[PDB]
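Have a look below at one chain only, the form deposited in one PDB entry, in structure tokens format.
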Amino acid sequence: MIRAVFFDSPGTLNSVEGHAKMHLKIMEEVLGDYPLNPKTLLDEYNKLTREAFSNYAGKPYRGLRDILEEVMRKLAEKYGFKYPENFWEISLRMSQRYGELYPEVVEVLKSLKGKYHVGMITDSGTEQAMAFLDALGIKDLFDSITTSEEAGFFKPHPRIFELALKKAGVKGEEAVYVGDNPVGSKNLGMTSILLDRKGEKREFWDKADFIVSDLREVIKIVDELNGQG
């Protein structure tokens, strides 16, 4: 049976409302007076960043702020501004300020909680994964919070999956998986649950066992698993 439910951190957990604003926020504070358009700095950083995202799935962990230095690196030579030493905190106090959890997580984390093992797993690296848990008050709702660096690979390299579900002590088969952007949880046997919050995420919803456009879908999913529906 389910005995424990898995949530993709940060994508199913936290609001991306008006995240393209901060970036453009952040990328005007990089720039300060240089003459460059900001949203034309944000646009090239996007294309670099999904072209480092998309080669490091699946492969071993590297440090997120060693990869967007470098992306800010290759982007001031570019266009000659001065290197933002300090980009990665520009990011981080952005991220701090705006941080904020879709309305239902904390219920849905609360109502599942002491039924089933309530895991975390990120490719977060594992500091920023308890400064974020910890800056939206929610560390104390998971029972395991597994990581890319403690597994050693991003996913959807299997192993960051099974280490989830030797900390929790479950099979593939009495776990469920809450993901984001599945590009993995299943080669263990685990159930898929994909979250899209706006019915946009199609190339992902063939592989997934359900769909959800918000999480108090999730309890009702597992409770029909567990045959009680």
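Rigid core (definition): largest C-alpha set, two forms, superposition within 1.5 Å. Residue numbers count along the first chain shown, from 1. First, how it differs from the form deposited in another entry.
- Superposing the two forms on their core leaves just one of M27, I160, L195, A168 with a Cα displacement of at least 2 Å between these two forms, namely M27.
- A135 is not among the residues whose C-alpha shifts by 2 Å or more between these two forms once the rigid core is aligned; its shift stays under 2 Å.
- The two forms, fitted on the rigid core, differ between these two forms by 2 Å or more at the CA of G80.
- Positional change of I90 between these two forms reaches 2 Å or more at the C-alpha, relative to the superposed core.
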The other form holds:
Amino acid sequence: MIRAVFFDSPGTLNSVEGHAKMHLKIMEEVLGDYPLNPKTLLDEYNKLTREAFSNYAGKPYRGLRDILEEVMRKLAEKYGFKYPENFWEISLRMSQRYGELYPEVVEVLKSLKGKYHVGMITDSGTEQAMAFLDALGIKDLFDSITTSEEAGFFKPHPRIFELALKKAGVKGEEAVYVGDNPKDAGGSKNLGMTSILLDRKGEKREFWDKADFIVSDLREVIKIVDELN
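Since we've got the form deposited in one PDB entry here, give me the form deposited in another entry too.
Here we give the lone chain, stripped of any partners or molecules.
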């Protein structure tokens, strides 16, 4: 019997278009009048952050601020613009204004509340995770918020999923995990959770077999849970 539904944050909640627009604005403010195409800076920032997040997957927690600040130091020395001492603050200010939930998020979270334990699991630090939820107005829609900083390890390490389950007071077999990255269908299945992969654009077909179910819209989750029960 499914008693809890956990969501991968921010990946299944924040729209890719809002993320891209928000981050483009971050780099525009970082650069100002500097003769560097902000989109090029962003592309290279994404290359470096993607590599970093890949290297730390499953490993002991390390602060994301230090990671991103070192990335921006490498980009500043590479391109010659002034290193943004306020990069973290710029990011928070731009996520508040330009962060955008997928259209169905609130509906889905509301439909699960009461019926099931609605949880969030994220590799973000706790402060960042709370600021993210606060900016998008959905902090109180979750019964639990579990972070890598609390567990001590990044996904797909089992401990972050184990902690989420213990917060909810449910067994792995009683929980679903809805995940964006094909870190998700892995650490959660190690705890006996049912793994749902969110693939909105159908661009992850190579990794579908790693998940128990594949959805393109979070509104499909409630249907899957109801069918399981």
